[PDB]
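Single chain ahead, by itself, as structure tokens, in the form solved without the ligand.
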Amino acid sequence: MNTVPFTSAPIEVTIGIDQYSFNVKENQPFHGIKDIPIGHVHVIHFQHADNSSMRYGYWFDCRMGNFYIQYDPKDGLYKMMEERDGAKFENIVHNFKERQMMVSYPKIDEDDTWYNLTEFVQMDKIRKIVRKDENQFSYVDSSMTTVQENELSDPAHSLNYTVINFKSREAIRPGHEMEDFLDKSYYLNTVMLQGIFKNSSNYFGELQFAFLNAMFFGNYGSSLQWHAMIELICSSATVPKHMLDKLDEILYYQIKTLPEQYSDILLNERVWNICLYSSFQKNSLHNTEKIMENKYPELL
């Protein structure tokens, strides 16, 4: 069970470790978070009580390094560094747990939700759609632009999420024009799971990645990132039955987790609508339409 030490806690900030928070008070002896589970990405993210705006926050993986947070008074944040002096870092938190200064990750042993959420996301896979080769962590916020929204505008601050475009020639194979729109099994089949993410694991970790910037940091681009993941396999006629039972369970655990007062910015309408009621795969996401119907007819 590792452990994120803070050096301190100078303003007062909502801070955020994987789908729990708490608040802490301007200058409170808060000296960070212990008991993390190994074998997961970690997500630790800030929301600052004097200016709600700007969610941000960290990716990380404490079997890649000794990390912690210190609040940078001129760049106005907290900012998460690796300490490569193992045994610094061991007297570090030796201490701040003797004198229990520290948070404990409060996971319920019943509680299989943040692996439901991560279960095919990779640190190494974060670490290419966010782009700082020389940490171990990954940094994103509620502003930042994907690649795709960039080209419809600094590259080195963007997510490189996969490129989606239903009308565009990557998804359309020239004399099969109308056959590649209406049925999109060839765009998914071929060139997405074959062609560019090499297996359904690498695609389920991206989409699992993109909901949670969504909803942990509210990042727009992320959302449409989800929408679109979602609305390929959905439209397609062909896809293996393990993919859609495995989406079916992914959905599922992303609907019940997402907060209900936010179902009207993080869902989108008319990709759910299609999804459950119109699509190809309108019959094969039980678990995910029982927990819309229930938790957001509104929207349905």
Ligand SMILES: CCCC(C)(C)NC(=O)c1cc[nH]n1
Contents of the next structure:
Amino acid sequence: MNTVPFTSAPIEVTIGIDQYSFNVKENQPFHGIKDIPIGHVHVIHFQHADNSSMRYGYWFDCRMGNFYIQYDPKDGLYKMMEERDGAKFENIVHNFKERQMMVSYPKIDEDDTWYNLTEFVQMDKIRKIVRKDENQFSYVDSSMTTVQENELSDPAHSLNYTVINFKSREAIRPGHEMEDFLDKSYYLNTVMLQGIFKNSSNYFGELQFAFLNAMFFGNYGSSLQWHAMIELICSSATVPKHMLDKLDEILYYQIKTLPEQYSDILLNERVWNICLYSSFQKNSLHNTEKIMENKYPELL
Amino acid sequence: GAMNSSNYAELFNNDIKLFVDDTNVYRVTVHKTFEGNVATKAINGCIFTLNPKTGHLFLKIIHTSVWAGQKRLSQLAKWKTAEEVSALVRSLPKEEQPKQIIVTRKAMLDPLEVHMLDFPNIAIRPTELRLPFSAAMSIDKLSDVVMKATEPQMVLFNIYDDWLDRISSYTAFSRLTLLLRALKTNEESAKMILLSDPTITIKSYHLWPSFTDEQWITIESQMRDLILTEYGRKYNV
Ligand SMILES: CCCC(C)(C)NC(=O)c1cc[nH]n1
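Please supply the coordinates for the form solved in complex with the ligand, as a counterpart to the form solved without the ligand shown previously.
After this comes the whole thing, all chains and molecules, with the earlier chain placed first.
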């Protein structure tokens, strides 16, 4: 069990920790979150009660350091910081735990949701998408744009997702124009998997990270990336069987977790109808198709 | 973006552009088999690639051999079109290459865009105009060269004959669209109008008859009448 203590809670805020969220009143005696799953990345996120605009948060892995939250009244946000003094940190956390000033990450008999949503997500890969090398954790918010969105404006504050563009020289071999545009296997398997990602785990990790930033921060460029990565697989006629089976599980848990009331803005009708009903893989995503048809039949 | 009634004079400015029409690329006759099933037999086709300012027509003849052993021919035809247009552009000197290519059917946009990725500065555009370029195969000399081809071939024509010596390219394009619309709505009647008078001939190096200015006005009026008529004969009006 790891702990993310808070110095204090000076402004009223809805705090999220992975798929959980709870309200802390302005100046409430609240000192953080304990019992956090070692072995998982996590995301702690914030929506101020007074400005629902700008959801923001931090991706982190407690194995990489002792992290805490402290509100900054100048920049107006709850900031993650690393404490290098291990004994100081342990002492602080023990005091807050003894006085019962921390909420507990729940560990529920049946639950694998968070594992299933972050199975392939790695902190080291997050830190390459989100560039701020002096910190071990990564800040994301609603407004950050992706490298690809900037090509079509501050680079330091961008999401460096892998650029996917179906009408690009990278995607289309000279002389195989029709073949490569209608069957994207060479772009998936040779360019992206063998060439850029190295393996399917890294590809799925970025896909899952893009989904989670879309869902937790309403980050539009992340939603675009998630759908592009789904569409690149579904539009490939030749995909390893283990990748299709794993994609079906990945998407099943993402669709299961999505708030029912955000489906209209987080799900692209064209991509999903194409993927489930027109694409090469229309018959290879049984779990995803079943939950989509039972939970969002209107989109289809 | 799209080309329509509001930006019509853009066709006749000094930025090189080409229309591309693919409606005659894949052509079939549908017939019964001995067993009473239906089958198709391909016939030769053509890509209609036209500079509307100069009248230059790059007629790429599509011989039926290009379909042998291929599936999904209507889809392939769009990509073959895009392949041949891209090859044409690459064959032209840089200063002759188009700045825009306008496709007459939206289904050509992605095939052409993908084939032209090497030319990011050439704009690929659709149009909202309903242009009657399918009727190109009603021009006897164009139909003849297509049907006689035994191999892939490109033939260069000026679809305006010598009209630009006397009229502007706006007027020439308007004349061409009127003639082609008429041929499309009632080919027999339109051809009768064009060739009824044996004293007006077609020069060996031309496609249309050698009408005087006054005769063109009469001809053009007869084509309008034909189109309005058929529009009545059609809708009963
Ligand atoms: C008095 C100890 C119990 C605490 C106070 C830590 N619960 C919370 O702070 C809390 C706030 C919102 N949800 N839970």
